[PDB]
Amino acid sequence: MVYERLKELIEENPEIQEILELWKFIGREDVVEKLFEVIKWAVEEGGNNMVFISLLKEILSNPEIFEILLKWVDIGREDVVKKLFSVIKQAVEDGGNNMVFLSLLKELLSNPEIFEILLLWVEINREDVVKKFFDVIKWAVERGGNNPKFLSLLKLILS
Amino acid sequence: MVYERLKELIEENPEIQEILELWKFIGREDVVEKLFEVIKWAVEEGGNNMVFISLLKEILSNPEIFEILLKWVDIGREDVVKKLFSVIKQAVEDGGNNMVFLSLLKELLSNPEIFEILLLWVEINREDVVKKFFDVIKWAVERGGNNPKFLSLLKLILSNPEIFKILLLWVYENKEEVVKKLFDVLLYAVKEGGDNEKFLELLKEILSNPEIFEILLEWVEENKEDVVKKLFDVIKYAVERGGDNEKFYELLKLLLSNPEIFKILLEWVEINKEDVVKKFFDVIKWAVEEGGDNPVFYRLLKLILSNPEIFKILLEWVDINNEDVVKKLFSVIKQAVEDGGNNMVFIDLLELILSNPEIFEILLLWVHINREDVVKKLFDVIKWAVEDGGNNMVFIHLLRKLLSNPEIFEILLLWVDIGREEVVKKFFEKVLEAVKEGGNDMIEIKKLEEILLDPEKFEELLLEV
Amino acid sequence: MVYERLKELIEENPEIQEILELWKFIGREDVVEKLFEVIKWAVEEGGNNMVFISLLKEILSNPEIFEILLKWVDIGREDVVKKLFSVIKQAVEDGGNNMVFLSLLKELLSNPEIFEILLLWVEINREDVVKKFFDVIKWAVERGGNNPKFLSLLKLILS
Numbered sequence: 197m198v199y200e201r202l203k204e205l206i207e208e209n210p211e212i213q214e215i216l217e218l219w220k221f222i223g224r225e226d227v228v229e230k231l232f233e234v235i236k237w238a239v240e241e242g243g244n245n246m247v248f249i250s251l252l253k254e255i256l257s258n259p260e261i262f263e264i265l266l267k268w269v270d271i272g273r274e275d276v277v278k279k280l281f282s283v284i285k286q287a288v289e290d291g292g293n294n295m296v297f298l299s300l301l302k303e304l305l306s307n308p309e310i311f312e313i314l315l316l317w318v319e320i321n322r323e324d325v326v327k328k329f330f331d332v333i334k335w336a337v338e339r340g341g342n343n344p345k346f347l348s349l350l351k352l353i354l355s
Numbered sequence: 464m465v466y467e468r469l470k471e472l473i474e475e476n477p478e479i480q481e482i483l484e485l486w487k488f489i490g491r492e493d494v495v496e497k498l499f500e501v502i503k504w505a506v507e508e509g510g511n512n513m514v515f516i517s518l519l520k521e522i523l524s525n526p527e528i529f530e531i532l533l534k535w536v537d538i539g540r541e542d543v544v545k546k547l548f549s550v551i552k553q554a555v556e557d558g559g560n561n562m563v564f565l566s567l568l569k570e571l572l573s574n575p576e577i578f579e580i581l582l583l584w585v586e587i588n589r590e591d592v593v594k595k596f597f598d599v600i601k602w603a604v605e606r607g608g609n610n611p612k613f614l615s616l617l618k619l620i621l622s623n624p625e626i627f628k629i630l631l632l633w634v635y636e637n638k639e640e641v642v643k644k645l646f647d648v649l650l651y652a653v654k655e656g657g658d659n660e661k662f663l664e665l666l667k668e669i670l671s672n673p674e675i676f677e678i679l680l681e682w683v684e685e686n687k688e689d690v691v692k693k694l695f696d697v698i699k700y701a702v703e704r705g706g707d708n709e710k711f712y713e714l715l716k717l718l719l720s721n722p723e724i725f726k727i728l729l730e731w732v733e734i735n736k737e738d739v740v741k742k743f744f745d746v747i748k749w750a751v752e753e754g755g756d757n758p759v760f761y762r763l764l765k766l767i768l769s770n771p772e773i774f775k776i777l778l779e780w781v782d783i784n785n786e787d788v789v790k791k792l793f794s795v796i797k798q799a800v801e802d803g804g805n806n807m808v809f810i811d812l813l814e815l816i817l818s819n820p821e822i823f824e825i826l827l828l829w830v831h832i833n834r835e836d837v838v839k840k841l842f843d844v845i846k847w848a849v850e851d852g853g854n855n856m857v858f859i860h861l862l863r864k865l866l867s868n869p870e871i872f873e874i875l876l877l878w879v880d881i882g883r884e885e886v887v888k889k890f891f892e893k894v895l896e897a898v899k900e901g902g903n904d905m906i907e908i909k910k911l912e913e914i915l916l917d918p919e920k921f922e923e924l925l926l927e928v
Numbered sequence: 197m198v199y200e201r202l203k204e205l206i207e208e209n210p211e212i213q214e215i216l217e218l219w220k221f222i223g224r225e226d227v228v229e230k231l232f233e234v235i236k237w238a239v240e241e242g243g244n245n246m247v248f249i250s251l252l253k254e255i256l257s258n259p260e261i262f263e264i265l266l267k268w269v270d271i272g273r274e275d276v277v278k279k280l281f282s283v284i285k286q287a288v289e290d291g292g293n294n295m296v297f298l299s300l301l302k303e304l305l306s307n308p309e310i311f312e313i314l315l316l317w318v319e320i321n322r323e324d325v326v327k328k329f330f331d332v333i334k335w336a337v338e339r340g341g342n343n344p345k346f347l348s349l350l351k352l353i354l355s
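Taken in order, these protein sequences are the chains called Z, P and H.
What the first sequence shows, in the working numbering, is residues 197 to 355, in sequence order.
What the second sequence shows, in the working numbering, is residues 464 to 928, in sequence order.
What the third sequence shows, in the working numbering, is residues 197 to 355, in sequence order.
If you are wondering where the hints come from, they were derived from the structure by calculation, not from laboratory data.
Be aware that one or more of the hints could be misleading.
Here are the simulated BS3-like cross-link-like pairs (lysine-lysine), alpha carbons at most 30 angstroms apart as the crow flies [as the list claims (entries may be wrong)]:
#, chain 1, residue 1, chain 2, residue 2
1, Z, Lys345, P, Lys888
2, Z, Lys302, P, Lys839
3, P, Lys726, Z, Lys236
4, H, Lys220, P, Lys864
5, H, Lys203, P, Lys909
6, H, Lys220, P, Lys716
7, P, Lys864, Z, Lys351
8, Z, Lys334, P, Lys839
9, H, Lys220, P, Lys899
10, H, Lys267, P, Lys909
11, P, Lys840, H, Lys267
12, P, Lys716, H, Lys203
13, P, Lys888, Z, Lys302
14, P, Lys736, Z, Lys278
15, Z, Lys285, P, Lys775
16, H, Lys328, P, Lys899
17, P, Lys628, P, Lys595
18, P, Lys839, Z, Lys253
19, P, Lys726, Z, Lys203
20, Z, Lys253, P, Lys736
21, Z, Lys345, P, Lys893
22, H, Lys279, P, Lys910
23, Z, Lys203, P, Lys790
24, P, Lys864, H, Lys302
25, H, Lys278, P, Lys864
26, P, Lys693, Z, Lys236
27, P, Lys839, P, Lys765
28, Z, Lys253, P, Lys790
29, P, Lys889, H, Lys267
30, P, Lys765, Z, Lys203
31, Z, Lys302, P, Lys920
32, Z, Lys236, P, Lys889
33, Z, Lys302, P, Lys790
34, P, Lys742, P, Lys661
From just these sequences and the hints, can you work out the full model?
Laid out in structure tokens, this is it:
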């Protein structure tokens, strides 16, 4: 029933509600339904990783990210969004339970431009580059140890 | 001769005598005369049905019913009283010899508010609604039969005037079959409950609130008998498994009295997640039993579970087999409460933090990944800061403002995770200094509050200490 | 004997009874007694100003306000409660028979956040600011006159 909690939290946002209503008007209803199916599939693909469910509750709550995802589901790039969510799931699973690294991911994916660049980079069948880059982030964070000056500088540079 | 006996029985009542004397003074004698004409006509309309005369004796011996009848004859609506007595005669005739059903009528018509509502419903020309309602009463009473517990519940439910109004409204809309289905569900609930005083008591309490009864009717209207039946089964199981322990039964009665919790329970019993509700009630039993009679912890548990959002979060977390995460979280809360002792200003912050559902979700997330000692040391640092606030109330007010925010609490847990505990400590006392330097000049305190309360400046300030 | 009437009306509320039972349990017996002494003093400070004691019957019969008062008498700010009840009395006598102004006071002091803010501003020895602000309320009410739309905006804006 987690999926229902995501749907309710998403539709509670007024901007997202207006986007959904507008896309209901123009005769693109199946695009909204396909997006909700992708949401359901990504949620059930995350499994018992509640950290990944928290990431989806954050990323999908943002109105601009939802708008971009909807427009990418419009023109037939559903598989690109599916692949991106799968790669985020893999980076969270291999990332272990370092909460600071997952905070960096939650920051970097909330920014809309980073999300659009990653979508563009998964579109052209360069899937492994994104995962390798998340691996580099994980390594740089684990090497920084407990030294918040460096993690702040790294968050700034990657943002 | 019977009419003279009835008139005498009415007149010998002292309250009736005083009322008649008052109405004789005020010049309304013809109103009394019309009322006694109506009484004579009702006796002549009963005829040889002596049970109807025995009903009228009880109805008129009650001085409040007589006072309502006088008020209603005064304004010229005596025809309404004649129609009502005709309908009551028809209802008593059609029952024939069901003495328990005639006892229910003798009970319901003695209650003044029911008689007033029926008079109002007979005035506006809705006689068939009253006829159909008495038919439904007789049918349900015959269906009950040799099962006096169910007839007692029915009598109590009908004595409540609000439930009576709801029943009349639903009969008016021609939802009679929904009402019949509801009484059948009550039958197959009482049969299942059997002799068990706690479960029958829970039904007697819950079914008496108008909100719960309205919700039940709104669900059985859409042909959802299995949902309601399985919900009553789940409540019976929750009472049976509870054992003898008053504090659990109290929470059950409270949470089931709350309407929105009952709605959530119906929604989760429909979709075949029944065992999820069973395990959740088991987890509540374990939390209460392991939390002793410590009243602070019990009050915290009651506040946490009374809020519907936290209830839904707990349901979702026991759904996916993570019951032990909820157990460990309640254990951490109990531990933090036990170290608080009688320091009420600190326990107030636990109430404020845990009452916020988002912070409760974050705490469940942080306990699931086995970081529980992070939460433990964070609660200890909060205590080692509140105890250092002492008597300086603007500091504790700033702290109530600061810790309620979810993202500030997340950032604090993050700084406790990576081993920088001491820095967090050094932050809080530093705030104290800014307060003690500020003094009583509220513009400086306002500026400090605007600098503290937003997450980005907070994370910046944590980096300079 | 109106003090006994207040005690009965206060303890009649079930939540107030629960709070009092809890405060008897954890070993703070003297705090309830100090609070009831403050209540008795506030009653005998009103005297023959029956509207003020009716306002107290209103304020003290609200679970949030009463819990705030208990917690705020706990840590030694007892006098802050005594001062505040004095100033309100000053606001009620000077307010006179303007029953609509006393209605606004009943509305404002029922809201717990307003009462807490007032406790903070009377605590630090700024009572004069609260008195001047109640005077501003009275003056705005008299200036508004019988024109209930303006009084509704005033009530909403101050609430």
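How the hints compare with the structure:
For a cut-off of 30 angstroms, the pair hint linking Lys345 (chain Z) to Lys888 (chain P) stands: about 18 angstroms separates their Cα positions. Distance check on the hinted pair: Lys302 (chain Z) and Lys839 (chain P) sit about 24 angstroms apart at the alpha-carbon level, within 30 angstroms; holds. In summary, the hint linking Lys726 (chain P) to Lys236 (chain Z) is supported, as the alpha carbons are separated by about 24 angstroms, within the 30 angstroms threshold. Using a Cα cut-off of 30 angstroms, the hinted pair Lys220 (chain H) and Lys864 (chain P) holds, with the two alpha carbons roughly 29 angstroms apart.
For a cut-off of 30 angstroms, the pair hint linking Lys203 (chain H) to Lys909 (chain P) is broken: about 38 angstroms separates their Cα positions. With a C-alpha separation of about 25 angstroms, the suggested pair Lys220 (chain H) and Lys716 (chain P) falls inside the 30 angstroms cut-off, and the hint holds. Taken as a hint, the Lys864 (chain P) and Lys351 (chain Z) pair is honoured in the structure, with Cα atoms around 27 angstroms apart against an allowance of 30 angstroms. Simply put, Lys334 (chain Z) and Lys839 (chain P) have alpha-carbon atoms about 27 angstroms apart, close enough for the 30 angstroms limit, and the pair holds.
With a CA separation close to 34 angstroms, the supplied pair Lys220 (chain H) and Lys899 (chain P) exceeds the 30 angstroms bound. Taking the CA atoms of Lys267 (chain H) and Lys909 (chain P), the gap is about 24 angstroms. The hint holds against a cut of 30 angstroms. Between the alpha carbons of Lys840 (chain P) and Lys267 (chain H) the distance comes to roughly 26 angstroms, so the proposed pair stays at or under 30 angstroms and holds. Of the pairs offered as hints, the one joining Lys716 (chain P) and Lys203 (chain H) holds, with about 29 angstroms between alpha carbons and a cut-off of 30 angstroms not exceeded.
A hinted pair counts as satisfied when its Cα atoms are at most 30 angstroms apart, and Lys888 (chain P) with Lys302 (chain Z) qualifies at roughly 26 angstroms. A distance of roughly 29 angstroms separates the Cα atoms of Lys736 (chain P) and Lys278 (chain Z); the hinted pair therefore holds under the 30 angstroms criterion. Restraint check for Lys285 (chain Z) and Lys775 (chain P): the C-alpha separation of about 25 angstroms stays at or below 30 angstroms, so the hint holds. For the suggested pair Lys328 (chain H) and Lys899 (chain P), the alpha carbons sit about 27 angstroms apart, so the restraint of at most 30 angstroms is met.
At most 30 angstroms may separate the alpha-carbon atoms for a hinted pair to count; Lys628 (chain P) and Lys595 (chain P) meet this at roughly 14 angstroms. Restraint check for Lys839 (chain P) and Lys253 (chain Z): satisfied, since their Cα atoms lie roughly 26 angstroms apart, inside the 30 angstroms limit. The suggested pairing of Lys726 (chain P) with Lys203 (chain Z) holds, with an alpha-carbon distance near 19 angstroms, which does not exceed 30 angstroms. Restraint check: the Cα-Cα separation between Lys253 (chain Z) and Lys736 (chain P) comes to about 23 angstroms, which is no more than 30 angstroms; the hinted pair holds.
Proximity of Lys345 (chain Z) to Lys893 (chain P) is assessed by CA-CA distance (about 20 angstroms); at most 30 angstroms being required, the pair is judged to hold. Taken as a hint, the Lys279 (chain H) and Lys910 (chain P) pair is honoured in the structure, with Cα atoms around 27 angstroms apart against an allowance of 30 angstroms. With a C-alpha separation of about 28 angstroms, the suggested pair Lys203 (chain Z) and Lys790 (chain P) falls inside the 30 angstroms cut-off, and the hint holds. Taken as a hint, the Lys864 (chain P) and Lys302 (chain H) pair is honoured in the structure, with Cα atoms around 26 angstroms apart against an allowance of 30 angstroms.
For the given pair, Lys278 (chain H) sits about 26 angstroms from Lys864 (chain P) by alpha-carbon distance, which is consistent with the 30 angstroms threshold. Simply put, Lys693 (chain P) and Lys236 (chain Z) have alpha-carbon atoms about 28 angstroms apart, close enough for the 30 angstroms limit, and the pair holds. With a C-alpha separation of about 22 angstroms, the suggested pairing of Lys839 (chain P) with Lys765 (chain P) holds against the 30 angstroms cut-off. Proposed proximity of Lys253 (chain Z) and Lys790 (chain P) is supported: the alpha carbons are some 24 angstroms apart, at most 30 angstroms.
Proposed proximity of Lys889 (chain P) and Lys267 (chain H) is supported: the alpha carbons are some 27 angstroms apart, at most 30 angstroms. At roughly 28 angstroms between alpha-carbon atoms, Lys765 (chain P) and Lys203 (chain Z) fall within 30 angstroms of each other, so this suggested pair holds. With a CA separation close to 19 angstroms, the supplied pair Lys302 (chain Z) and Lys920 (chain P) stays within the 30 angstroms bound. With a C-alpha separation of about 45 angstroms, the suggested pair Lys236 (chain Z) and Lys889 (chain P) falls outside the 30 angstroms cut-off, and the hint is violated.
Restraint check: the Cα-Cα separation between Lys302 (chain Z) and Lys790 (chain P) comes to about 28 angstroms, which is no more than 30 angstroms; the hinted pair holds. Only pairs whose Cα atoms come within 30 angstroms are accepted, and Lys742 (chain P) paired with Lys661 (chain P) is accepted, the gap being roughly 20 angstroms.
Hint compliance for this structure: hints 5, 9 and 32 are not met, and every other hint is.
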